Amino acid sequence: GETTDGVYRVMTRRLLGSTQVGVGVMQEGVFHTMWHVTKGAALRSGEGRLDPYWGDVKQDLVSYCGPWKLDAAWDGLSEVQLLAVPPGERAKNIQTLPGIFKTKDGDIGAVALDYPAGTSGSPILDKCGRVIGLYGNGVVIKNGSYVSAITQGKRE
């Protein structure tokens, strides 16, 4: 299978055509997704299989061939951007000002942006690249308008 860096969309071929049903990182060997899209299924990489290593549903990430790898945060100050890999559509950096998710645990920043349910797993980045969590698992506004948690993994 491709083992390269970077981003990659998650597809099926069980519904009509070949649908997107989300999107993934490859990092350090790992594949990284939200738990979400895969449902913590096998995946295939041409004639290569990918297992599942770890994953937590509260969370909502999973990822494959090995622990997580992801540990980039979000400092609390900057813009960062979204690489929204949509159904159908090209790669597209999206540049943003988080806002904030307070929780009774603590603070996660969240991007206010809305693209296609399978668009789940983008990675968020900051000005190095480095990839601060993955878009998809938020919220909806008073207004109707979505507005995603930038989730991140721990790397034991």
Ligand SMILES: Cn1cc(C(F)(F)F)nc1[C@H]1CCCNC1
Second form
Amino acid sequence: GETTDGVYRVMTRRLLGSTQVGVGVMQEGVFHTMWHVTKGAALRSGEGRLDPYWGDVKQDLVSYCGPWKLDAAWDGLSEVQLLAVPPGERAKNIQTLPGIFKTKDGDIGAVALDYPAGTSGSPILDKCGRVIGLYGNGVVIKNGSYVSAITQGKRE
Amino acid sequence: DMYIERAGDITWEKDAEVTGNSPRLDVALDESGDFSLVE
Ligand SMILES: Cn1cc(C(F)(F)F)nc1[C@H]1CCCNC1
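Form deposited without the ligand done, so how does the form solved in complex with the ligand look?
Below is the entire complex, every chain and molecule, led by the chain shown above.
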């Protein structure tokens, strides 16, 4: 099917009508998404099939057709862009200065932007257009607002 | 049975809408991939 680089919606017809369960990034022949979007299930691209290749529930990431390819990192200083792909709506870029998730195992960038659950997997980009992580695994803070980690995998 | 549909190119867009704050939070990540606030 379509193997062109870019951002894609992850759809399903199992529920009422056609429902968007998430989003992903096709790069260097590999499809990258968050684990909670597909639960590791196989995907269809037109008449072709994409099989999972690597996945990890704790990182909440999965790659199809090959190993994880995305290796850019947030520089810790600059604004970034969430290329949000909401259900039933056109892809749109939102610029923001990330906050920080402080963990016992190090610091991670975080974006304080709230979109429907089906937007999970939308890429976060640097000024060179490189994908520095995926949106959709986060927390609800004291205010009640939503903050997503900038989740990035490892390129072997 | 899930399927994928192209939604666009991945590019930085000049003069995009600028919003969102930058909170600094202490968080924990459990074995199930769920983040929680550490207080
Ligand atoms: C963006 N997102 C992802 C998910 C999750 F399903 F947990 F994966 N939930 C949200 C948002 C949806 C709107 C309300 N706040 C949370």
